[PDB]
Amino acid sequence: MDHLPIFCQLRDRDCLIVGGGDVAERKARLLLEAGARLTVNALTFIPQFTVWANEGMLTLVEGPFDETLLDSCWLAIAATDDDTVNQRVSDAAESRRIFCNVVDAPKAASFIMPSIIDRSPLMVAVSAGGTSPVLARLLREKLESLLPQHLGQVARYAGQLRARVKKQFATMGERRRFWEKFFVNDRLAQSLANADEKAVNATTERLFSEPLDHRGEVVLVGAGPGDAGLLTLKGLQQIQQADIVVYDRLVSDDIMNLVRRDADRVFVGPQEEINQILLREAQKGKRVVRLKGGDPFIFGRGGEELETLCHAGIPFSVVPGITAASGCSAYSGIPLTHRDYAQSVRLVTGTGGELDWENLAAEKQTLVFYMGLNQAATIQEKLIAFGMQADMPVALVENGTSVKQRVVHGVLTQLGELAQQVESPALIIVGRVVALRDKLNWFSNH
């Protein structure tokens, strides 16, 4: 260790930045975020500085560097393109024992600016002393994905609870467990973020009433079409705190490889049975994640699985996912809309009735068929027997977003035979947008 990390309180403390370019502007936005009383001294300023000044948010000293601007300063940052001026800044700062950063030169100054993950009042700082800015940014990117966006509001609210928790929990280890379920209750977190104070002390009273051991809830999490990188940040965070993950065939191996190490897995690849599995594994008092392919509310039966938790008292929440249409669209180079090609996008299945074929053949649509292969020969002639132009571009996307995605494409008179070249899970896309794939194909065809 050759740097000591400290967390400085800068609110209304005099700080100085020397420089007025893009680099200084980024440091000024950091110091403004911390509430510093900011003076910025430069030969000239880019417009973002004069707008900041015209709003009373900092002070501008236009002109050469003047040492006396350090007279009552706590922090100094040299952010000019001129090594000579930066060296005069840092020398003037060192003889005044003002900690100083030189943006181009981390070893030439008395402090180094770390990568910051901001969950105020909780904060994480990562640095390797200027030996590795890229590693720092990589660790920041990781920490940013693991730390829920509203953890800071739980942190702030916990401090307003330290009393009421010791008064009802007289054991160290008992209180260690109350905080442990308190800080991962992200319903309470979102409840605080939304300023829905009826639902806060509702969740709060639940945290003191129910036993410590019981933290029961169900989260519907959309896994996306397969590529593990298409899981949402919130999805990952829920999967990392789950006591039990209920998943099915359509959730990819890559996503499951992200599940908590010490989490129980239930594989369910009849629909009524899945509903019961969710309920009383949540009535066991366990934090349950129901992982589903794509988006849980688009042909996922997510509606059916939650309504069982309704008259049952089990709290739930829903993390949306990248539906198959969106993923296959991006990864095949076929936009679902484009200029005037399509006034609407149609997400359609292929039980409970029969399809309206006149409707689907109407012009200016992008049609996206889910679960359609078993009717792909039927779809073909039924569309051209209801007016659809026989040359309509058509494409099929199998295992979209995955490392084994296959895209076969062509024209509506070939949909039947093209459909034999692909297996479930596949998507059928019909509309002029298909013809754009020749310009926008960037992913690998297998």
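Only residues modelled in both forms are compared. Throughout, rigid core stands for the largest set of C-alpha atoms superposing within 1.5 Å between the two forms. Residue numbers count along the first chain shown, from 1. What changes on going to the form deposited in another entry:
- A78 is the only residue from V288, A78, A324, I334 whose Cα shifts by 2 Å or more between the two forms, the rigid core being superposed.
- The Cα position of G302 differs by less than 2 Å between the two forms after fitting on the rigid core.
- In a rigid-core overlay of the protein, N54 has its C-alpha displaced by at least 2 Å between the two forms.
- Once both forms are overlaid on the rigid core, the distance between the two CA positions of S90 between the two forms is 2 angstroms or more.
- At a threshold of 2 Å in C-alpha displacement, with the core superposed and only residues shared by both forms counted, 1 to 215 is the one segment of at least 3 consecutive residues that shifts between the two forms.
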Given for the second form:
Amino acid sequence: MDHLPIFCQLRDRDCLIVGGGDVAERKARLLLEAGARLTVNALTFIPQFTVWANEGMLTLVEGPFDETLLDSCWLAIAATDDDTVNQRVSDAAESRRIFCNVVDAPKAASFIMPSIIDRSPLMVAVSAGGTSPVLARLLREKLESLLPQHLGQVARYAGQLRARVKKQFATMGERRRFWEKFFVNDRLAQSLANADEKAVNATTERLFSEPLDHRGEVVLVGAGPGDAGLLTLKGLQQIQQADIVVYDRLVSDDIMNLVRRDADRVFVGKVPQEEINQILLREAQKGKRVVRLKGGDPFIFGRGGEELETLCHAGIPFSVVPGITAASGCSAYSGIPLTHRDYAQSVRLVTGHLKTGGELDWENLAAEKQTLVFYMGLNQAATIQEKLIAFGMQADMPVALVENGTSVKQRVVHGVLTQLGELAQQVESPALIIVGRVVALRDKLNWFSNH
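To complete the pair, please output the form deposited in another entry; the form deposited in one PDB entry was given just before.
Just the single chain follows, nothing else.
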């Protein structure tokens, strides 16, 4: 984070503006609306300032900068056209540990003032750190269109109900569930906007009267292969409302940042699968809303079935949000479609890491007109090469390995089947092996990166 956004309570707190022109006037108006106890220190003032001072709304100090005016201050704003003066102000503020904005130099000093979308008491602040005023304006335009004008009345009414919600629901889990219903009842929002107090009260009474599900919940969510843009809308929804998220190392850091910030997080793996099952079950038996966040898709070599197979008998509600499997993401981001024209009748998603005595069906895998995708197969790439050749696959069949597919770190190496063992030495886990004529299309379809 370049900056930390905070929302300050300035009511009755001393603040100082140095400067007295149009810039100072805009900042002073903002600080006055926030209730600051404002002093303005400038050599000259535009007329808006003199009337403010006579009607008692702020104090004017007409003259050069007096750094002792910072002594009682919580915030300072340097708003002159003299960079020498502005720097004296910022230096004096920094020595007193007073957050200071230099209006014409956002990279100097110690805070910047964001653009504000006002749905009071709801506020949304936007800034690009001065690097890009256009982008901030384009975002502000877009945010103003997304936020209904009546949102403020919903937030206002919620604040008025917080005491009643605290009294009537004994646990935070119940309170949270009430609010999640409250904030999406469109009728309630309309009635507030119409000041229809009878209608507001009717829907409110009913919301308070509803029995709340105290049962837990286990949702398996497919994180996808790494690019946080490949999480589904519903997957984002589920992790944003989870009490606890049980996640593995194949879930990318970018995706974990999208988890509800107050959710508890439990890491598994690098842990035996039976202990994962117990965690999910036990945490849901406590009434908690559990998300098992899994790399790729939960039902393709993810053991997702094992994690749910006890829950029905145990009376635990569950659901599954599918994800982009490694095969799909790596295909798209390497320029290798899994199917194309008559290249492949079928796609085979194969595990390269099989049970101790198990052996893959090589005669079956080596058949023509298919795209083979090996998961967890790096260690066996030499055997895969030898077996596919022995069961009739052409030696010049193209192969590709995709390492960290869809991430900014993705790497792709490629060649023909007789190089598979050598090529696999050039990558590490997590990596996918693609075998089939579609690999040759990468020269025409690669769009994501050359690395």
